[PDB]
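Asks: My request is simple: use the sequences and hints to build the entire structure.
Each chain is listed here by its residues.
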Amino acid sequence: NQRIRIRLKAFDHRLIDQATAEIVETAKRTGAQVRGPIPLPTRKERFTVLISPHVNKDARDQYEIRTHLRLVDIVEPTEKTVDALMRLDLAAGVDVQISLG
Amino acid sequence: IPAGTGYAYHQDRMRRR
Amino acid sequence: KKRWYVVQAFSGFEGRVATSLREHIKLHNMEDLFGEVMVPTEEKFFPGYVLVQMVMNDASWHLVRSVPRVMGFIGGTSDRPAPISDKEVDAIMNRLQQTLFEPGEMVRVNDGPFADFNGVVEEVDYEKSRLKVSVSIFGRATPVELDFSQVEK
Amino acid sequence: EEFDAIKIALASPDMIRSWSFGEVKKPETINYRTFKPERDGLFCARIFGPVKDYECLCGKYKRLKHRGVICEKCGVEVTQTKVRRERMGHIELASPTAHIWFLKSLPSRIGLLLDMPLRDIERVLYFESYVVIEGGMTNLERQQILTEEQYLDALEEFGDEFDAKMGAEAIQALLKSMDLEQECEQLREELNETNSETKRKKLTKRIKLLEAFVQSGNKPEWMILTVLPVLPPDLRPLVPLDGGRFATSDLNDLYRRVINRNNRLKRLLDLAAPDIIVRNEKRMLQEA
Amino acid sequence: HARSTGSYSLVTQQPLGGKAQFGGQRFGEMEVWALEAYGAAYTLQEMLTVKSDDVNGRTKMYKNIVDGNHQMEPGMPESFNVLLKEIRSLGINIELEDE
DNA sequence: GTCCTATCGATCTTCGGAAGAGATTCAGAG
DNA sequence: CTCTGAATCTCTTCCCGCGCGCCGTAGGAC
Ligand SMILES: [Mg+2]
Ligand SMILES: [Zn+2]
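Chains as they are written, first to last, in the entry's author numbering: chain A, 3 to 103; chain B, 1357 to 1373; chain C, 6 to 48, 63 to 117, 126 to 180; chain D, 15 to 302; chain E, 1244 to 1342.
Just so you know, these hints were derived from the structure itself, not from any lab. Positions of the beta carbon are idealized from the N, C-alpha and C atoms, including for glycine. Hints are not guaranteed to be accurate.
To be verified - Result set (DSBU-like, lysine-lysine): computed pairs, CA atoms no more than 30 Å apart in a straight line: (1) D:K66 x E:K1303; (2) D:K76 x E:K1303; (3) C:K7 x C:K63; (4) D:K50 x D:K118; (5) D:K118 x A:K82; (6) D:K96 x E:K1328; (7) D:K233 x D:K213; (8) D:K280 x C:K106; (9) D:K96 x E:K1306; (10) D:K50 x D:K87; (11) D:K179 x D:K39; (12) D:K40 x D:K50; (13) D:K216 x C:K159; (14) A:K11 x C:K155; (15) D:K21 x E:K1294; (16) D:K74 x E:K1294; (17) D:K280 x C:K180; (18) D:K74 x D:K39; (19) D:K118 x D:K87; (20) D:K222 x C:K180; (21) C:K159 x A:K82; (22) D:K233 x E:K1328.
To be verified - DEER-style ranges, computed between Cβ atoms: (23) D:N277 x C:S156: 23 to 33 Å; (24) E:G1271 x D:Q158: 29 to 39 Å; (25) A:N3 x C:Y153: 37 to 47 Å; (26) A:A94 x C:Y153: 55 to 65 Å; (27) A:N3 x C:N34: 47 to 57 Å; (28) C:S156 x A:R48: 33 to 43 Å; (29) D:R81 x E:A1277: 39 to 49 Å; (30) C:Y153 x A:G38: 27 to 37 Å; (31) E:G1311 x C:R135: 50 to 60 Å; (32) B:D1368 x D:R81: 51 to 61 Å.
What the hints assert, rightly or not - Partial pick of chain D residues on the chain C-facing surface, computed with a CB cut under 7 Å: (33) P110; (34) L283; (35) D284; (36) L285; (37) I290; (38) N294.
Replies: The following block contains the structure:
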């Protein structure tokens, strides 16, 4: 059976690795074998905005939004495992995309 | 039932009619 | 002239019914009494009876009922089972020779780890011969993409 | 409901449809792993009622705040689940079917009405011989059952000036053709024609049956079932036992057999199966 | 063995039967005849509607008994309705009448 | 192994019940 | 030629509580 791959994107790291720990553990308990998680490069945007309402110009505040990514690969999903996943609630605020094969 | 105390009730119902 | 005759057969054993007749014809060497026993099938409309190209002899009448998983033929009387018709054979030989995933539609997956689950279509992967249906994982309606053959309409 | 009398009579098919809240089509009740009721089955949530106490199956509503509303995620109506034991459904038979009771009571009511022997009506019903109706310009009587060899004779001796049907359909046409009151007047005057006390008594029975059918609002075809109502599921529970299994229910299995046979008959009639096959399927459906 | 209130059967809401199950004694037909031999009608009505069959009634009775009212509202025995459905599942239209 | 469809659709269901009554077929003759 | 007899068939009936104990879809195809 095809492995199921979960891509987790979150803005807070500790929360992403909390949801990850949950997921890996959950899989391991239901006796599936799971590869990862593997840290996928963090995409940190940036924005420089002039703080002064009028014309100081050299008054920039730099704000960066950092997106954290984790890949959890679960080899051979046993339908019981699928139900394990599918009743548990994964920390919200967290984006999960699943690919199958 | 239409007997005994039930008959009393039914009889009252039919007489008060 | 071997007029076709229709025989009742154990549903699910209909293939074994045709084969068990095929062996018994040769073993009883009545090859001069039987044409072929049709079990039409599409990618089998009626899991049920079989058609046998046959003649009507009392030896053949008992022969077919001597094949396992065969009650007998379907006809007017048990003394004489009847053929089907002239045109009925041709019509059967004719046929023996001769669903879009809507947004918002609720389907079940047909195969894979998500098979037989309550899912809702989220988007249309049309030109790739694929599908994408929302599922209830992690307490979320996470976007999950699947193959086309995973539909259960 | 307050009441003061109980009335019993035959149920017209449209009355049965009035009883029903849906038409059960798929002969499945619940998954063998999950315990949810399969829609359009013997335990359909939207047909008979929700399973949850006051919640819909889809889970969209779990409060009295949405009582009486209709969900669109599963289709079940949310109300008190008790109604689930009162709603009935109906199965529209692909072909007519004789009501067994009225066929084989102590006398044969359908036979008495048609004055046709029980053996012959049973032979007709189980698709063993034809019976000529609307025989027209033919030496074929009003009913005059006739065998397949006899039918093969009539097929060429006469053209379409006769009609010879098989099974309950022929009986339904006979029932549909019964000029009941005129028939009763004729028989009640024919009674004075003879003194056959070995026949006057059964003639009195036949005329009494004709008078009872005339006076009551009952109509002859109502002796032939066309829509079969299904019992509310909560009266035939599929209760589980120790472990992931549900206790066998007799009525559920009888309904399952009937539904499967009837669906097969519909499939064939759609695919134009040969006359022999459809006749056999109709006989099996009647016996189911 | 003695039973006040406990498990109730599903198809018909009459109380369960047995010792290993918290069930009540069966009031047989002979007992019904004996009650009818006396004039006891209220006793029978209670015994066959409130104690056993009418689901709404047996709770309103429970409340009154706790309240100390000792009055019953019989309603109608559910089993009878089940019977009606069982006959209505056939080709029979049997129904209640007003007059 | 799980998950599906279906019923001896090449048998022989038990002979160790009485009975009581209708229903259904058959005689001797008008 | 079929009318009243019997004669042979099917259908229906058999006290009532209690209390355990156990046992409870199947074969073959992907
Ligand atoms: Mg980038
Ligand atoms: Zn719902």
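Asks: It remains to establish, for every hint, whether it holds in the given structure.
Replies: Status of the hints after comparison with the structure:
no., hint, in the structure
1, D:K66 x E:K1303, "24 Å, holds"
2, D:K76 x E:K1303, "26 Å, holds"
3, C:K7 x C:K63, "24 Å, holds"
4, D:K50 x D:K118, "40 Å, violated"
5, D:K118 x A:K82, "53 Å, violated"
6, D:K96 x E:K1328, "14 Å, holds"
7, D:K233 x D:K213, "26 Å, holds"
8, D:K280 x C:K106, "22 Å, holds"
9, D:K96 x E:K1306, "21 Å, holds"
10, D:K50 x D:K87, "14 Å, holds"
11, D:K179 x D:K39, "28 Å, holds"
12, D:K40 x D:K50, "15 Å, holds"
13, D:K216 x C:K159, "73 Å, violated"
14, A:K11 x C:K155, "26 Å, holds"
15, D:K21 x E:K1294, "28 Å, holds"
16, D:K74 x E:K1294, "38 Å, violated"
17, D:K280 x C:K180, "20 Å, holds"
18, D:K74 x D:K39, "25 Å, holds"
19, D:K118 x D:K87, "47 Å, violated"
20, D:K222 x C:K180, "56 Å, violated"
21, C:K159 x A:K82, "22 Å, holds"
22, D:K233 x E:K1328, "22 Å, holds"
23, D:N277 x C:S156: 23 to 33 Å, "31 Å, holds"
24, E:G1271 x D:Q158: 29 to 39 Å, "55 Å, violated"
25, A:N3 x C:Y153: 37 to 47 Å, "27 Å, violated"
26, A:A94 x C:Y153: 55 to 65 Å, "31 Å, violated"
27, A:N3 x C:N34: 47 to 57 Å, "51 Å, holds"
28, C:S156 x A:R48: 33 to 43 Å, "41 Å, holds"
29, D:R81 x E:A1277: 39 to 49 Å, "46 Å, holds"
30, C:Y153 x A:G38: 27 to 37 Å, "32 Å, holds"
31, E:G1311 x C:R135: 50 to 60 Å, "57 Å, holds"
32, B:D1368 x D:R81: 51 to 61 Å, "41 Å, violated"
33, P110, "21 Å, violated"
34, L283, "11 Å, violated"
35, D284, "9 Å, violated"
36, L285, "5 Å, holds"
37, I290, "5 Å, holds"
38, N294, "5 Å, holds"
Hint violations for this structure: numbers 4, 5, 13, 16, 19, 20, 24, 25, 26, 32, 33, 34 and 35, all remaining hints satisfied.
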